[PDB]
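There is one chain below, alone, in structure tokens, taken in the form solved without this ligand.
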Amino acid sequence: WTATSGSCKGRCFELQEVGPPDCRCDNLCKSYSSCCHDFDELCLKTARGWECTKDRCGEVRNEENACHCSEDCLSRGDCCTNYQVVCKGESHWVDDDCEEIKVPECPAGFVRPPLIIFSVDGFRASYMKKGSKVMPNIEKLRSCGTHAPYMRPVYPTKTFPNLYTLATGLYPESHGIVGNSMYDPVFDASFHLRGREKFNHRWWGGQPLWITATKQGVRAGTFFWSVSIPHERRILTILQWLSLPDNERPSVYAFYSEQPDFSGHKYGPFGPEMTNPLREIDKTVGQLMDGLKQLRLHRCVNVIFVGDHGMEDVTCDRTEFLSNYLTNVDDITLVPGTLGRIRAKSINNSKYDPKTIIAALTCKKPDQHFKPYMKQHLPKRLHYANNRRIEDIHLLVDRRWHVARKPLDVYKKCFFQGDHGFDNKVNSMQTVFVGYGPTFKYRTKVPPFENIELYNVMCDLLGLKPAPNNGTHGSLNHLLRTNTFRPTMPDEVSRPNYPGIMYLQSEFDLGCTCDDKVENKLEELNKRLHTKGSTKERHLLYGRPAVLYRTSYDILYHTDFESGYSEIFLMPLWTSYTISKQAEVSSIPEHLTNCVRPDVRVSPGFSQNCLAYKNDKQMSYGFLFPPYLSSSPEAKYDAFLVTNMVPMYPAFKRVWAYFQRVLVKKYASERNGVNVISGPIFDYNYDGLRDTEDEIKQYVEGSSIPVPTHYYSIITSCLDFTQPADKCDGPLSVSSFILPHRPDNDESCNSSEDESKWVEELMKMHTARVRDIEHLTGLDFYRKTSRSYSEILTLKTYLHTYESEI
């Protein structure tokens, strides 16, 4: 119930929202069907339209008009945005040369430069270039301020998950808005685009920017707008708020546009019908900038022009139907379209089995355009599993396709030509970022970055402390002229032991054997030097990783590699080695195929044993430093040390061996040397965070050897590839992956073929940021470089995506 008999007189677009049953006059009252009876009349005036004309100049004020052109409109803060151009001989902002904004030029009473977020739905990254001829205002923002060639959205590349991640710095799994449709089994409640459930606060987690600002005494405009409020009224409203007295005036504002998404769905990303929506959004930007220039704020305000996701060509005929795969299609509920989420139609059906559904959906047709996953097996870079609203069964749909449950769903619901929601590394899903104003850099291009990083920067722009979030604060320092955030490196929590030779061979009873008892003061001193770390500067290029949790671990040095060996997990946390461009690949010699050697620096009690692998019929083992890349035949024996061994399913060994034997050297050849850090990851609760010892769900049979859920590698070389990775003077270049450690290769439909036809494709899908590995391991990398710490933070957030040129 709302008492709509109240009035909006003097309350139009009020900032504090009133509780029911009192009628509302704020920018969302329409969405709640709760506006006061006179809101349209008072607050949504339209008379005479949105532009001054010569004949209106100096007119007598008529309070009926949408906007004003009377002499008093500047003091009232309500002129039409083109007032000074038409009536006072001024230029449009778009026609002025740009000139660096070295310092804020703000009117008195302004405590800080205000921040205006101008968000555009569906605005694909390539519009900035492809549409530049029809977007002169946006083009001037882009060319004069700071811009990225694209910004990566979060998965799924849907609107509410991405707008809310912009607002919170959080992954969807953490903020709770995990799709445009959701079921929460704890609430037993459904969230839909249409309807009222979606307004309930329990869906929306984290702390969005307007709340962060409000708690720290920074006033905020209200961010969201009911769809029926025309864009011109939204701009006029922001400009009017900016004319409030100092103690009443917000410092942060948001505009939202439903275009170009609305037309992009109808016409496809590049339909000829798309020129007009782009023109219209550019005109809206022009209104804002002209309005700011009228208020003398155009060199005071920081403007962010930002998109939530792009838009791909998708038509009804490219739909896969689950009815063509599943016998039991009526026992499932599917959330359909550009992603699939499956759960049981009824929780009372004890014949529902996720394994049989996954198997019926796995590589069943040659050109199959989706791939099923249990959510914990999705690429860790998607960060898309740790929420009860995300169904266990996920379908990753190929770009340009849809999945649906039955054909009748698609013609009894062709209409549309565009859609979005695909994997966030897909080039069509990329979106835009431009920052313009005194706090951003002038005429500066910055590399692509993820939208999770923006909340921290918006907080820096407003002098706010960000709530805990998934950005890496400081990684976007290079966008900013001032207000940078100068993080310190985290303190190491555990210091390593450096064991020397402490055990005799006969103390070990590991069931291992090795043909290594075939035997010199020239070489003996030298092998002792290697074990004390004489080659460590070649193999550990960026300092040792720091361990940011309490554990007991040993540093182990060798000729060709260094490792941090966990006495708790019985294996390295990390192994580091450098492979120069000139390195040679060798084989594992016949006499050494089954060799595993006790490590006389590490007690039998803190070692793996070979007998556990012999008896575990599903589990085999691999090596972190690859025997294939040993520097010499003698050095190769170190690679078969029990402290270099890790548990590996035979199917996974196919992947790993190919990586080690073929790909590492390929990357060293291409990149002029690589440094590799590799290791296990344990994330049995799929939260993105390192598991403690009591969270481990699987061990090598009969032992205390934990089985990793994933294996990572971080491959670093010199950005200037004329310099070898081990003698690099400037910026670094990185790529990394987090491979799932699975007992089959059902993910790779072509896995019966030679590894050269499928392994690298698998690795690219599982591409990762260093930061993802840090969260997953409790390690902190690149601790000793010659680079600024914010530059290293940027490097740690990098994702190598393998997509062609945008």
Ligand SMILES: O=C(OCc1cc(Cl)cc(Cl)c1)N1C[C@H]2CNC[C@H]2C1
Given for the second form:
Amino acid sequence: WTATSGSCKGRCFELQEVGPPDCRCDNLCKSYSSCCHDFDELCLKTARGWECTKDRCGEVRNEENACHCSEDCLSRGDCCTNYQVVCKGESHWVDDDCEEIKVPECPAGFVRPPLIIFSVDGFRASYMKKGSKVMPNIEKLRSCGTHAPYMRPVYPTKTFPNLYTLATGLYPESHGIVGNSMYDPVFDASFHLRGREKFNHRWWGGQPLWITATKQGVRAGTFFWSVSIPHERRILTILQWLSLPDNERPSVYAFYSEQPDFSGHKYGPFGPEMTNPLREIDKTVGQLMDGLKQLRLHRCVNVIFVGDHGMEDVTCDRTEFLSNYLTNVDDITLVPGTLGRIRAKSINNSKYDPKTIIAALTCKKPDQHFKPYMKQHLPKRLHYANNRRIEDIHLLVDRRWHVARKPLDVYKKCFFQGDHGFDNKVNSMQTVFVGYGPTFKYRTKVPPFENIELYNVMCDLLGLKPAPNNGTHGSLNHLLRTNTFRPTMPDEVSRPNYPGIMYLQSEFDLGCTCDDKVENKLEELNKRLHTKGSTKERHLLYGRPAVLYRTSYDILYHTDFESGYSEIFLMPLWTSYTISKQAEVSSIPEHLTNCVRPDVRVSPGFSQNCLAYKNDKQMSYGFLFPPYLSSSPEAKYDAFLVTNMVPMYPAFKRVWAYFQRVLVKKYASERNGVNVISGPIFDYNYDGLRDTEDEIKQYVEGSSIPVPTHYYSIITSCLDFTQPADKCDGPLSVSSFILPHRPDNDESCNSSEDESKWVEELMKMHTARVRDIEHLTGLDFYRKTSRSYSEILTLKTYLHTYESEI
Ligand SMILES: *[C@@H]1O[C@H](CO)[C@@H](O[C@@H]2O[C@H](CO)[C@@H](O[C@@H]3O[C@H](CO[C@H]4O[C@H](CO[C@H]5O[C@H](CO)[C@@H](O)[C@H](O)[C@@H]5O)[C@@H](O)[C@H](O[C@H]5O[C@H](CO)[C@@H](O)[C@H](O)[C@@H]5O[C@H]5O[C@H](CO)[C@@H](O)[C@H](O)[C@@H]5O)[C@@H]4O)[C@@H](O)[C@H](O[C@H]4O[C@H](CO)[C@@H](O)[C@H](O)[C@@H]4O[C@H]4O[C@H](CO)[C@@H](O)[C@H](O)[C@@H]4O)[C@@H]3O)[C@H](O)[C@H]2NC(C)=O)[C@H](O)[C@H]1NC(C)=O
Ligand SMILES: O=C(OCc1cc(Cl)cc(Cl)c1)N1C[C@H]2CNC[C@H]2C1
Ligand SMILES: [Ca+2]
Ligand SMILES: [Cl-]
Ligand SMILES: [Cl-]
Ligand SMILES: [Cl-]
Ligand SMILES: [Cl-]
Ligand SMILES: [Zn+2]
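If the structure you just shared is the form solved without this ligand, then what does the corresponding form solved in complex with this ligand look like?
Below is the whole assembly, all chains and molecules, this chain first.
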């Protein structure tokens, strides 16, 4: 019940929502059908429209009017946004030359520059160039302010997951809004786009910016607007709030536009119809900026212009149907469209089988436009698994397509030419970022970054401490003139041991053999040097990674590589080596194919054993530093140490062997040398965070040797590729991956071909940030460089995407 017999008199767009059954006057009351009876009359005035004309200048105040052109309107904070232009001979903000804002220029009693977030739904990154002719206000913000060529959304590239990521700094798996449609099996309740359940607080996790502000004594404008409140009224309401007295005035505000998404769905991203929506959003920006200039705030307020996601060409005729794959289509529920999520129709049907659904949907048709995944096998860069609202079965849909259960769902449940929701590295899903104001830089381009980073920056702009989030605070310092965050490197928790030669070969009973018993003051003086760290400045270029948890490990040095060997996991946490442009690739000699050698620096009881592999009929082994890249025949023996061996399924060794034998050399050749750091990852509970030993679900049979879920590599070089990787004076360039350690290559539909036709394609799908690897390993990389920490944090958030240029 709502007792809507109350009144909105002097309460229009009140900032604190009043508790039912009293009637509401806030900017969401429409959407809850709860507004007082007189809300339209008092709070949504429209008479005379939105612009002053000469004949109204100096008019008598008439309180029916949507906005005012009377002499008292500046005092009342309720002039039409063009009042000073029409009535006082002022220029529109967009026609003024831009002038650097070196310091805030704020009216008296402003404690801090306000922040205004201008969010646009469906605003695809390439609109900034392709629509430049019809968006002069936006193009000024962009050229005068700080901008990125694009901003990467989170997956799925849907509206509510991305807006709530912008507000929280959290991935959807953590904030809980994982899709526009959701079933939570603990609540036994569903969340829908249309309806009243979605406003139940239990859906929304984390701490959004407005709650962060409020808890720290900063007032916030209400971020959400009911769809029927026109844009001109949203802008006027913001400008009115900005005229409140100091103690009541908010410091942070959001505006939302449903365009260009709304039109983009109907017409496609570049439909002729899309010009007018872009003109209209620009006009809105112009209203806001003219309004700020009237209040003397246009050199005081920080403005962020930001989108949620882009828009791709999608039509009804590009729909795959699960009815063409499965027989049992009626025993499943599908969340359809630009992604698929599948679960059982009934929990009381114990005949439904995920393994057979996956198999029926895997590489079944030559042109197939979706790929099925168990959620834990999705690329780790999507961070899309650790939530009970995410179904175990996921379909990654190719850009430009849909998936649906049955044809009747598409014509009885073409009306549309655009959609979004695809993998967040697709170019069409990228969106926009512009920052304009005193705290932002002047006429500055920054590299593309992820939207999870913005919460921390918005907190910095407002003097707030961010709640714990998935941004890397300090990675976006280069966007700001002032208010930078000055991060400190994490402390190392575990110090390494540096073992010498401590065991005779006969103390080991590992069931390993090697044909290595044939053998100066030349190169026995000199191999002592290589086992104490003489080559270490060549192979470890950025310091030892720091171990950020409590453990026991040893640093091991070799001619061609250095490792951090875990006595707990029986294998390296990391292995570091440098491959110069000139380095040569060699084979594994026939007499050394099955060679494994005890490491006399590491006890038998903290070593792997070859018997375990012999008895495990599913599991083989590989090496972290590849024997193919040995510097010399004698150095090659080091690569067959038991301390460089790791468990690998035969199917995975196909990928790994190709990476190590063919790709590393190709990269050194292209990048003028590369430094490689490789290692294992254990993430059996798919939380994106390193597993403790008691979380490991699989071991090499009969042993304490844990099986990794993934293998990583971080590949670093000089950004100025005229310098070799091992003598780089300036900024670095990095690419990284996190490959799933799987016992088949079913993910790769062309895997029965030569590795040269499928492996690199796999590796690109599994591209990763260094920060993703940090989370998964408890390691901290690049501890000793000559670069600023903030720059290193930017490098660690970089993703190499392998998309063409926008
Ligand atoms: C991205 O960033 C995020 C944010 O930092 C990272 O996410 C965090 O990761 C932590 C480690 O996994 C995780 O720690 C949990 O916390 C459990 C308690 O959780 C509740 O409280 C949170 C705090 O809220 C308050 O925050 C501020 C202070 O910061 C306060 O001032 C306010 O008053 C706030 O209320 C709250 O955020 C959290 O939210 C989740 O759950 C809600 C449902 O209740 C959802 O609405 C919401 O969306 C969140 O859901 C996500 O996270 C949960 C896990 O919490 C996950 O299940 C969902 O899928 C979803 O992803 C909660 O309301 C705490 O109990 C845990 O402790 C257990 O483990 C430790 C291990 O060391 C034990 O020592 C400890 O004893 C305990 O064990 C006991 O229970 C075990 C399991 O039941 C059992 O086996 C054992 O035997 C014991 O009985 C642990 O600390 C954070 O909660 C989490 N935060 C968020 C927001 O997600 C994330 O890691 C980052 N991602 C990457 C890749 O880096
Ligand atoms: O007004 C809205 O959103 C504004 C906003 C901006 C930012 Cl940056 C963060 C968030 Cl959480 C929200 N919305 C209005 C409703 C229309 N469709 C669904 C709802 C989203
Ligand atoms: Ca884990
Ligand atoms: Cl969805
Ligand atoms: Cl295979
Ligand atoms: Cl551990
Ligand atoms: Cl593009
Ligand atoms: Zn949309």
